[PDB]
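Participant: Residues per chain are reported as follows:
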Amino acid sequence: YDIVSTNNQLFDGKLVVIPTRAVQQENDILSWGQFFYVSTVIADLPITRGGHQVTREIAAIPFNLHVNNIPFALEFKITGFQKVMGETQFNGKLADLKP
Amino acid sequence: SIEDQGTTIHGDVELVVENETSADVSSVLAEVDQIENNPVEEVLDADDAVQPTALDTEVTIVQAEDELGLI
Amino acid sequence: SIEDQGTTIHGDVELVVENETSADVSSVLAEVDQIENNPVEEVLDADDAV
Amino acid sequence: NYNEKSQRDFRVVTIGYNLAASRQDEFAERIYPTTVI
Amino acid sequence: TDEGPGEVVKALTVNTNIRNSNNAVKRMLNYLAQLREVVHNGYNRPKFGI
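Residue numbers (the working numbering), protein chains in the order written: chain X, 1 to 99; chain H, 1 to 71; chain Y, 1 to 50; chain Z, 1 to 37; chain C, 1 to 50.
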């Protein structure tokens, strides 16, 4: 296995395991997915948007697609780190058994 | 020279043996020199103070043929 | 010339001084070249693919 | 001005802003390797 | 201004590249949604179009 991390909030409480080819190759199918990229276009034209003002608009237009290959995943929702490492687990429970 | 000295413990005295005396104080204040440099602390324009960058990113630049402001 | 220029900001003006002006556009349309090479994406025969 | 203590002149420091991104980050690139089309 | 843009013009590619990473994240999670529904249902054999 291998470990890769992101900081996107959409995984704040998620771990997902996905297989991939141990050695990656260009435009392979055995990769879990592919990112098909085309050069991004940047254009500059003094458009008069609105009909009453003139602005130079420099715009970047993405042109790409994310494609999945392997219909396989395991999804885990891992929560409660602070409740275990911050607090007691063994002696805290024994302390509750006092008559 | 009273102008050149200061904090003289025993003091000093000079006698004003003069008729016409002029006092030019335009250069005495330190604040005036600071204002002449910059009335307000100098700030670089936001367009120049920023340095974004990208790597390994292929782009196609499309400007009008007669555009002077090139990318 | 307008044929060479691209989206000129100040614009371009030309005068036609020709008695006739033929226009052969058979090779201009880019989809024609794509079709000529591959009417459809090239795919190997099933036996050739394995 | 009995005390001309500095008020009008400061040591100005410009904070760097090298905002950067390369195609995809390590997470997206490792999962979806880039193929140029 | 006829001088042109400064280096800030590269922020447009940075915005695209940041979006490129976020798009991979959204697509990954949307794909897991597909697996949840398909694997939950009666699909335990390979077939086209599932």
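Please keep in mind that the hints were generated in silico from the structure rather than gathered at the bench. Be aware that one or more of the hints could be misleading.
[Said to hold, decoys possible] Computed list of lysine to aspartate or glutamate pairs in DMTMM-like fashion (alpha-carbon distance at most 25 angstroms, straight line):
| no. | chain 1 | residue 1 | chain 2 | residue 2 |
| --- | --- | --- | --- | --- |
| 1 | Z | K5 | H | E41 |
| 2 | X | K98 | X | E87 |
| 3 | C | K26 | C | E37 |
| 4 | C | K47 | Y | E20 |
| 5 | C | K26 | X | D96 |
| 6 | Z | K5 | H | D24 |
| 7 | X | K77 | X | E26 |
| 8 | X | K14 | X | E26 |
| 9 | Z | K5 | H | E42 |
| 10 | X | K83 | X | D12 |
| 11 | X | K14 | X | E75 |
| 12 | Z | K5 | H | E31 |
Participant: So, for every hint listed, does it hold in this structure?
Facilitator: Hints and how they fare:
| no. | hint | result |
| --- | --- | --- |
| 1 | Z/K5 with H/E41 | holds (16 angstroms) |
| 2 | X/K98 with X/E87 | holds (19 angstroms) |
| 3 | C/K26 with C/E37 | holds (17 angstroms) |
| 4 | C/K47 with Y/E20 | violated (62 angstroms) |
| 5 | C/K26 with X/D96 | violated (46 angstroms) |
| 6 | Z/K5 with H/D24 | holds (22 angstroms) |
| 7 | X/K77 with X/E26 | violated (32 angstroms) |
| 8 | X/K14 with X/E26 | violated (29 angstroms) |
| 9 | Z/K5 with H/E42 | holds (19 angstroms) |
| 10 | X/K83 with X/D12 | holds (17 angstroms) |
| 11 | X/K14 with X/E75 | holds (7 angstroms) |
| 12 | Z/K5 with H/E31 | holds (9 angstroms) |
When the structure is compared with the earlier hints, violations turn up for hints 4, 5, 7, 8 and for no others.
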